[PDB]
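Asks: Given chain P, put chains R, U, H, Y, S and F with the ligands in place with the hints provided.
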Amino acid sequence: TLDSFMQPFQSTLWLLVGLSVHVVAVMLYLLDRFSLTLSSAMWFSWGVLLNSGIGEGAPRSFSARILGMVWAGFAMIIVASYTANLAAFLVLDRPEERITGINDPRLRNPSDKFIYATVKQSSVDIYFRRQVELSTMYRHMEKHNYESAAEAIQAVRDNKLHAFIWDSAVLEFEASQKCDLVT
Amino acid sequence: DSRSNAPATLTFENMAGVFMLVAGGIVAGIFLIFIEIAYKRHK
Amino acid sequence: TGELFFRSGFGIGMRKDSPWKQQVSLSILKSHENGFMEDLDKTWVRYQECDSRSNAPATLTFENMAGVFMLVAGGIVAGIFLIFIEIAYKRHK
Amino acid sequence: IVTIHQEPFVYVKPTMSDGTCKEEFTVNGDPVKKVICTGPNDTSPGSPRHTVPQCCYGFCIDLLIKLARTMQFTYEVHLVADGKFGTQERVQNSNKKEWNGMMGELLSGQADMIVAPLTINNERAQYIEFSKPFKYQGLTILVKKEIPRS
Amino acid sequence: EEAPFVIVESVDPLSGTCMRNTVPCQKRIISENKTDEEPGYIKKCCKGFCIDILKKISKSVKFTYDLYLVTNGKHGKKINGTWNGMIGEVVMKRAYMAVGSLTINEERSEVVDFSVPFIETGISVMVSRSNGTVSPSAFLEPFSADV
Amino acid sequence: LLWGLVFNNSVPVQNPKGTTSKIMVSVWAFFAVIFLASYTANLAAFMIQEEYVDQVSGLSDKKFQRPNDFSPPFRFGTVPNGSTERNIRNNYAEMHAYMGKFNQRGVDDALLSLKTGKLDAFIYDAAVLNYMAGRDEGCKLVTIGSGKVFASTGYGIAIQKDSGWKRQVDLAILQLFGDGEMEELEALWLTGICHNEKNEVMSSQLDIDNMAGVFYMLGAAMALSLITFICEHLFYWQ
Amino acid sequence: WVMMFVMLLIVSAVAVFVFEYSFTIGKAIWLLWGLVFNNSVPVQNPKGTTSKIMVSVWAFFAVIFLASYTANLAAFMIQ
Ligand SMILES: *[C@@H]1O[C@H](CO)[C@@H](O[C@@H]2O[C@H](CO)[C@@H](O)[C@H](O)[C@H]2NC(C)=O)[C@H](O)[C@H]1NC(C)=O
Ligand SMILES: *[C@@H]1O[C@H](CO)[C@@H](O)[C@H](O)[C@H]1NC(C)=O
Ligand SMILES: N[C@@H](CCC(=O)O)C(=O)O
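Chains as they are written, first to last, in the entry's author numbering: chain P, 550 to 584, 601 to 748; chain R, 799 to 841; chain U, 749 to 841; chain H, 400 to 549; chain Y, 412 to 558; chain S, 608 to 845; chain F, 559 to 579, 599 to 656.
Worth flagging that the hints you see were computed from the coordinates, not collected in a lab. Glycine included, every Cβ here is placed at the ideal spot set by N, Cα and C. Check each hint, because a few of them may be wrong.
To be verified - Label-pair ranges, simulated between beta-carbon atoms:
{"hint": "1", "chain 1": "F", "residue 1": "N649", "chain 2": "Y", "residue 2": "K466", "range": "52 to 62 Å"}
{"hint": "2", "chain 1": "F", "residue 1": "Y579", "chain 2": "P", "residue 2": "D552", "range": "35 to 45 Å"}
{"hint": "3", "chain 1": "U", "residue 1": "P805", "chain 2": "Y", "residue 2": "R431", "range": "49 to 59 Å"}
{"hint": "4", "chain 1": "P", "residue 1": "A623", "chain 2": "F", "residue 2": "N649", "range": "30 to 40 Å"}
{"hint": "5", "chain 1": "P", "residue 1": "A623", "chain 2": "F", "residue 2": "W610", "range": "24 to 34 Å"}
{"hint": "6", "chain 1": "H", "residue 1": "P444", "chain 2": "Y", "residue 2": "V545", "range": "54 to 64 Å"}
{"hint": "7", "chain 1": "Y", "residue 1": "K473", "chain 2": "P", "residue 2": "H709", "range": "33 to 43 Å"}
{"hint": "8", "chain 1": "Y", "residue 1": "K466", "chain 2": "H", "residue 2": "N520", "range": "18 to 28 Å"}
{"hint": "9", "chain 1": "Y", "residue 1": "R431", "chain 2": "H", "residue 2": "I546", "range": "48 to 58 Å"}
{"hint": "10", "chain 1": "Y", "residue 1": "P547", "chain 2": "H", "residue 2": "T442", "range": "50 to 60 Å"}
{"hint": "11", "chain 1": "H", "residue 1": "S443", "chain 2": "Y", "residue 2": "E517", "range": "56 to 66 Å"}
{"hint": "12", "chain 1": "S", "residue 1": "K768", "chain 2": "P", "residue 2": "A728", "range": "44 to 54 Å"}
Okay, chain P solo, but in the shape it has when bound:
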């Protein structure tokens, strides 16, 4: 969603930094006449954060010559944290799950919120209705099987089926021509 201005920093941080720039600006003005012009304080305090050369104002008093050095050091930390935080978005993503195969907990213990089936009268049916460790998976699969391999793939596209078990020679061909499925 690339919220350029709102993604790295929160809405409360953009307003706190924008208000602190005026605190240091007027402070340099008070530190000059007590030992710069109303306009010098405005650019010089903004000429270090925005990284632009505007004006020729500089603190002459020794008391203001140290506030400016910490002011300069505060802008580098924000920019360094801005780039470092933005680099965390494009490298770290949400942990996906995706069925690990036939030994997945969602298939060994089926429920009413995950549906998976195959084509009826094929050699996938014979493989499941023959072993006794696959007895609990066959009963849940028998009540959802389809008629052909062209109707079950469309069901996955319309979000009415969850998983479809078929030959790898055919399922790796639809995953290459239809960019919205994966094996």
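Replies: Showing chains R, U, H, Y, S and F with the ligands alone in chain P's frame:
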């Protein structure tokens, strides 16, 4: 082609929000430059 | 490295015809519900002196990037050895 | 009582020249409870077959004191001779079989209890009585890690 | 009944019995209030983690059994000197043994006789993982004050 | 000039004269480019390999003993008529009453209340909560720390007192433990989906909670600057 | 690149228009091109309130554009 990391290059509309800021500031600035021009006449 | 297998606990071995075999099992279960075996665990078994990790983000130290400090000093000493040559350059050339 | 040398459970340190065990405190200034152990010498009971008093303290030593105060009995802890936990073997190729270590010393009559991290299995449960488990753990593998190079 | 240990379901409406790899369990139902209803039970199917252990025990040591469900209370509680649930049923002898998620404790070990434990448990606290993290000095995590 | 040149040259500065000045500043400028580039890279590595922390430390925390001394009080409770309630009642009275004024009715209702913000913590058995944390729509729910019990115990079979089948049942259970059937049973029934390695959730706020150190440093710096100012003023006045 | 170059030319034209209220188009385009590739090149700044605000808003554009480029490039080298 499929992938898992999929390094995506940012497009024009991807970062179009930053382009809007310069244009907005420039139009407000003339609407503000005229006020600034009138500021030197009245004040 | 790895997970746990053959999970069995420790016990107190006593002979079959022992009169004390009933009063010991009623004292271990009582010391697990009042917090008696967690003082014995945090005193002998749980002061973890050296922390482990996998990523281990390491902060760079002085000697870690000491090669960059050497460059400024080297240039400065060569520069005076070169500033004298530069001073003599203005006299001879 | 019979114990075995285990670092997280039973510490075995020699006595001083006086005969008692030196005092020691923890990080919070409370005294550590020790007891007078009596087992084999430093190396082994093979050539120097003699016993010398030692000092015992650890996780399984302060637990026996709590049982001795609640059940109101007296104890006399000593160390196993051969230094093994216990297994059933064959003796001189005979029809009978026997145990060794801490498991063969209790059945012989030389002991009454076993306060040690002894694993509850099926082979040992057919001859003795174990109580409720006082520590849940398992088996794992210990290896040596590598050093990274930047 | 528990979530991972004892799962209760219904019989097959086609044949009127339970599927395979399960155990037929029978719970009683009381509907009438003004009059006392004759003993009438239903037929359910029980399975899970403890049921397989019970099957293996019954295959190891030869004996027969007939499961059923508790209806008096839950796991066991002592109310005014009387135990409810599975603890109370074993105590007034209608049950012989109780299997499920019964934890060994000192108060129950004086009226019954527990067996070796087959799984470890205890007390824990579950909280929802918030979107926050811990990084108060992330700007000081780089080069220390020496450099 | 030499202080500005290493924090991104931004401040207006004047450069020296002659060959000597120019070469000294150029070598110092190369120092600045390398020092600044490795700082951003190291900081990026720390944010990518960071790690979260638990909210509480256990049942002996200040939030469980003194709930009224904070923000709107912490909400925790359990289901009565069990063993955990009997354990809490004998060890903590005020906490028992406070958690009993927040009673529940089941595990699913407790999970719903925890997901809908109606509850902050739920105390129940260890295996049940581990199973509920390892089997969830997403991985929002978690256990404090990394999985830890406070009252170690186990599940057993309740038989009548002074029976003859207890020894046989114990021997059969130990034989099943020694053969390896418990591992198969736990892999078949006690498997999980969530609870993987605790990586970063890729936080997207960096709010005032994390960025308070720079503001504290700026406050200390301006306070020290004002102190030096008043000290120099008092010294010049005398 | 061209989408920002056209806006660069637009900003240059706006600065030329503001100059009515020695600042030619060459120095303008030079400053406005240097300001986004790390200001390094010696440049001269304009005068008055209008010039200063136009350059400051353009300078904020440069900081955001440059920071997301290094971050995106780092993501490509890591994956
Ligand atoms: C815990 O046990 C108590 C029994 O003391 C249950 O309280 C009763 O709840 C039932 C169900 O509505 C009522 O019919 C009774 O009249 C209640 N009796 C009393 C004395 O309050 C309580 O519901 C149980 N709680 C849980 C969560 O199982
Ligand atoms: C408790 O004691 C007996 C039953 O155990 C009964 O007579 C008495 O009325 C009960 N009282 C209460 C308050 O439950
Ligand atoms: N296992 C408990 C019930 C569940 C719990 O309290 O966590 C009992 O039998 O009392």
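Asks: The structure should be examined with respect to each hint, and the outcome stated for every one.
Replies: Now the hints, each set against the structure:
no. : hint                        : in the structure
1   : F:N649 x Y:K466: 52 to 62 Å : holds, 59 Å
2   : F:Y579 x P:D552: 35 to 45 Å : holds, 37 Å
3   : U:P805 x Y:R431: 49 to 59 Å : holds, 55 Å
4   : P:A623 x F:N649: 30 to 40 Å : holds, 37 Å
5   : P:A623 x F:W610: 24 to 34 Å : holds, 27 Å
6   : H:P444 x Y:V545: 54 to 64 Å : holds, 55 Å
7   : Y:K473 x P:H709: 33 to 43 Å : holds, 42 Å
8   : Y:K466 x H:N520: 18 to 28 Å : holds, 23 Å
9   : Y:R431 x H:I546: 48 to 58 Å : holds, 56 Å
10  : Y:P547 x H:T442: 50 to 60 Å : holds, 55 Å
11  : H:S443 x Y:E517: 56 to 66 Å : violated, 43 Å
12  : S:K768 x P:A728: 44 to 54 Å : holds, 52 Å
Consistency note: the structure conflicts with earlier hint 11 alone.
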